[PDB]
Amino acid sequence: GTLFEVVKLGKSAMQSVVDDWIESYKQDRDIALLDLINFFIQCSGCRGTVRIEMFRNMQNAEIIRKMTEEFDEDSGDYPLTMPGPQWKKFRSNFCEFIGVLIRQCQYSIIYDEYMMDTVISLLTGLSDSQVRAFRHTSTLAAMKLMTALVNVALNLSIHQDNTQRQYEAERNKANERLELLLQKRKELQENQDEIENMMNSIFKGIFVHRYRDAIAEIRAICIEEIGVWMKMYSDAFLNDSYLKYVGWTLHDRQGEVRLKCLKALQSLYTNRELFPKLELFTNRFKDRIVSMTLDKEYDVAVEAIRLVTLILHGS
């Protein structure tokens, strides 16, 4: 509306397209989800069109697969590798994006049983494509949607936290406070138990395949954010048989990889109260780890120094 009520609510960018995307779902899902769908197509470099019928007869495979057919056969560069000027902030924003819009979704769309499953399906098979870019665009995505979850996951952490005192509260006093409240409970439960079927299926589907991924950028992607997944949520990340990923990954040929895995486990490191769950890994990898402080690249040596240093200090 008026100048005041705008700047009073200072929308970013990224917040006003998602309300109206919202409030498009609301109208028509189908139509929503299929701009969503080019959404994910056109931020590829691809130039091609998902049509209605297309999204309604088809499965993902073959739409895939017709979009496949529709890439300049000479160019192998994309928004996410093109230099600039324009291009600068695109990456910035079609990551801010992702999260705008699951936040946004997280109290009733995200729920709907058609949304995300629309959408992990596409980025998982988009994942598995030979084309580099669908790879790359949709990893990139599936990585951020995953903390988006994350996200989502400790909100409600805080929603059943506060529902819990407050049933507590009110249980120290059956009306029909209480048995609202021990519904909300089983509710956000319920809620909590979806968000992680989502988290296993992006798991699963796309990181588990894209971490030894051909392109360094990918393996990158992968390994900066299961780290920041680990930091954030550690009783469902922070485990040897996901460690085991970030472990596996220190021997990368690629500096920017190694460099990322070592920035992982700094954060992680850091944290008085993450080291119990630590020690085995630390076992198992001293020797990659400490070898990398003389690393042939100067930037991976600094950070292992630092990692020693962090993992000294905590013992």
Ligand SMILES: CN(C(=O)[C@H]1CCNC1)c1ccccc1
Given for the second form:
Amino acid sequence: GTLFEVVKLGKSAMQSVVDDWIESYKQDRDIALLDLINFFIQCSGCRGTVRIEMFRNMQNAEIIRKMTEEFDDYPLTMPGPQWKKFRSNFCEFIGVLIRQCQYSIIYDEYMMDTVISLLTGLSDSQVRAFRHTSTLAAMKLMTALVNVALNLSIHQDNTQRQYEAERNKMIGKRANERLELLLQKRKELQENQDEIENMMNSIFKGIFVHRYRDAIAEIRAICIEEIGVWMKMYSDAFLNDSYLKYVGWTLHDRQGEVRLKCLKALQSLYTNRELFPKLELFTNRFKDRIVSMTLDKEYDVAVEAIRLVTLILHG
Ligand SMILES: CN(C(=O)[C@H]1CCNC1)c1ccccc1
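Swap state to the form deposited with the named molecule bound from the form deposited without the named molecule:
In what comes next, the whole complex appears, and the chain from above leads the way.
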């Protein structure tokens, strides 16, 4: 509208184009998902693009095989001023996309299933460009969903408090309308969080447990950093010995970049004198490796290992 109106309402090009994509998704899910598929293809530097006939007929396996052939050094590796902000932008786009879709579209069984299936497929590609782009996308996706789960939890607590105040207020009285709405609201929100847990499982089992072991050091670094982020954000789901294995194991990685990430992840956990209890078996298992890395070889890795060890000591 007016210049004052557009300034007082700071929609970035990303927020604006995610809002347009959502309007497009509501008119025609198929062309919207086709554009979202093409986005992830273009973001790998792949020169091909999927048309509706391929989308509606061909499996993701065939689409990826056909797009693999159309490959001429991809956006995420590019040096130059015109690609500086790409990684940061690509990451924020996925956050904005899912933040916006979090109350309706995410729970439709079509959109998240399409993306995750494409990303899982591209994460199994021989092409480094596809594996790098899809994995970083999946890692930021999981974190977007973890924030969705965090938001649900708040609404679940308020729906719970409201049901408690009504369940009490009745007692000896036939369960009125308000108590049946609240009892249904509460089922819905838990059923919503099951679907989020479901999507997180597909991403973890499909992408993470394969990509954290990837040939490319930067792909291993991307995975480790983000399981670190999930473990801090969403302690009860992600902070356990099964998931911690991956981070702790990777302390033996051959590259400074990756060993540096493992320590930064553990650092953020051990600062919180609260989930320190849940790190007791892990500290016992990997004290030797953590402690050894204080004289790592890579100065900066050693500095972090020392900072980690001084955090473990103080607790
Ligand atoms: C590496 N590790 C394991 O034993 C794996 C395999 C079975 N449980 C998880 C471990 C031990 C203590 C604390 C965290 C992880």
